[PDB]
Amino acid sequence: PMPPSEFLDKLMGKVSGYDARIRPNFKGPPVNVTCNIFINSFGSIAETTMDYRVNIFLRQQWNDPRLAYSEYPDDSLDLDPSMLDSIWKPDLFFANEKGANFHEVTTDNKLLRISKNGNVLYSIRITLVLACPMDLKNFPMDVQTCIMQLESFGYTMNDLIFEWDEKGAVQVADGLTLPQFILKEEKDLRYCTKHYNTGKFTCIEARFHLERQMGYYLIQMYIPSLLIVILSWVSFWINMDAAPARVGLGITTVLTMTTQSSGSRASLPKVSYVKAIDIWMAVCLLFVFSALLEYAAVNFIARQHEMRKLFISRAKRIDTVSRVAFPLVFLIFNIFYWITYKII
């Protein structure tokens, strides 16, 4: 028999009246395209830009009854990617593209095969830089949901309908891990049907849940800010007459916490609302700012001028309380802080 590249020329030629500009089942029911993706790579989730780069295999399946054959004996005909400009393909796009491209190295990374009953599989490799909004109300303790949605650009709902297939609509590669996040196994698959002044267009989307990793932000921000608070607590065990010792400790710790807070938001969007790392670096700034205000009460009362042995005993009393009080208030703040951002 004649080879499949020549048999498939007679199935697309001027004979038999095939036209690549006309959808299947024309002037009839709409075209039911069923889709699933395969995430090869994932990551580079920039939070200033609020986008993320992904690398997928987009598989599409529809039924073209004009491509049904019975003369050729075998069961599938792979169409060459040079000849893909000659059959009908759906005009899928991404409603949050922000730039995308094809992979064309050593061959156009495209694939198409046609069954005997006209079922057409069409798999392509796409790199996307998808946009997603970042809710950062509790920034190291959040679950970021970044989505991707697949619309039709030119065919309306009465012509072309997208669906996810019921057999694994999103697969993920095996060794796909992320440096800052983890990807939860449940993926929300729902509809996102759009309405414009043109018509109404089909849309399907898939949610991805990205829980962060606590372990990085503990090392850089939570633990060193917790040591500077303890570094202000050793002022109370220093003699009151050593005036540049207790002041010189209180000067430096209250201005390194300003440095630790200025570097806390170096790689973030400039959001207006206050986030959970900002309510840590402000309360921890409040303890080291009050550790120098304690000595301003010591140095004012102990300099009052028996009137001498009274106020020195009173300024001794404010130091015996503050050695017990300030680690007790910082301890009950950590109880109210970490429980609040674990219950949420």
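Positions refer to the first chain, counted from 1. Definition used throughout: the rigid core is the maximal C-alpha set that superposes within 1.5 Å between two forms. Compared with the form deposited in another entry:
Only one of 101, 106, 239, 262 has its C-alpha shifted by 2 Å or more between these two forms once the core is superposed, and that residue is 239. In this overlay on the rigid core, residue 324 has a C-alpha that sits less than 2 Å away from its partner position between these two forms. Fitting the two forms on the rigid core leaves the C-alpha of residue 15 displaced by at least 2 angstroms between these two forms.
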Given for the second form:
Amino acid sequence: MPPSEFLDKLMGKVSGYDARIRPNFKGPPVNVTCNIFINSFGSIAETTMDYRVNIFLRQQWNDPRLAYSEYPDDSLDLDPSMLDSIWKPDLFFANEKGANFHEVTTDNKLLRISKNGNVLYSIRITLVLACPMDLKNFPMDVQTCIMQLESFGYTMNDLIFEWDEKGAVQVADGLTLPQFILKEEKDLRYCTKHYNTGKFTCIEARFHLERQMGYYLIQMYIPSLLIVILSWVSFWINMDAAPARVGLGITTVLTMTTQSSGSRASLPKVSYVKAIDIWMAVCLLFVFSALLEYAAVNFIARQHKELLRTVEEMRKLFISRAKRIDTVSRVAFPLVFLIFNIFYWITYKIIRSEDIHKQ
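What I would like now is the form deposited in another entry, since the data block earlier showed the form deposited in one PDB entry; can you produce it?
Chain alone follows, minus partners and molecules.
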């Protein structure tokens, strides 16, 4: 019983199998269970709001036809070069750019057929998928990125898509992302589509990504803090009269503006204010207030110069103010900073915890 004779006999010009007609025509819709395996996730672009994923799509549906029932083995592994002579369902991705196939030495495709007629179609695909991420809290956030699968040409009374009950979404073992930590929530929902042409089936899968704060802390939170420390200690424990104290402030402001521009470099332009903007704005406000304080001290010194020639009675009165302000500044500034840091870190921790619970 040669393989070739049977092979053609099933889907040949002698067989009545038309590949342009859906199975069970004029009948109940063809149910399709979809299984996805993630081979290599990664390369998430924050600029143009998209990520790259290489999946192994797997879809099964039941055909009354192609149930040979005359062979010792129930499952037959067929050629992937005769995949044009069967009824593949139409499937497209809604948030999709590009999405090439792969042709290395052979087409990366798979066909299997059981005795009853259940088929197994497996396709390797790299997808560039659009994720409209919300950057309300930039360094610490959970981002949800969407994969949607729809039928382009078939209305709801044909080709209903369903998920797989067990192991709908899998991940390759030892798969890591440099920037994000993937979570195991693996949310799945059915989100039907309505158009003027008709109503079309859809199923979607949701992934939760948390952002590591390790890079961001080292890159920005540490340098900005160190420059605040530098300004604080450096000028106040210097003599009242000096060009250096003044110059220090200007240079510190220059560093702050360069770092502020540097932070908002990779990020796409957005209307709302991110957390990192709040932090850098507060640090800039601290150094600006510090330079203003020194300018005020200089004015008090100017008053002393005018007084110098009941002369000494006024002199000390102003000078003592000079000293009092200088000491209060020394003890006042760090405590206020400490207070800011605590009420900032606490609230952000509460927001991120609430966000993960909400999602």
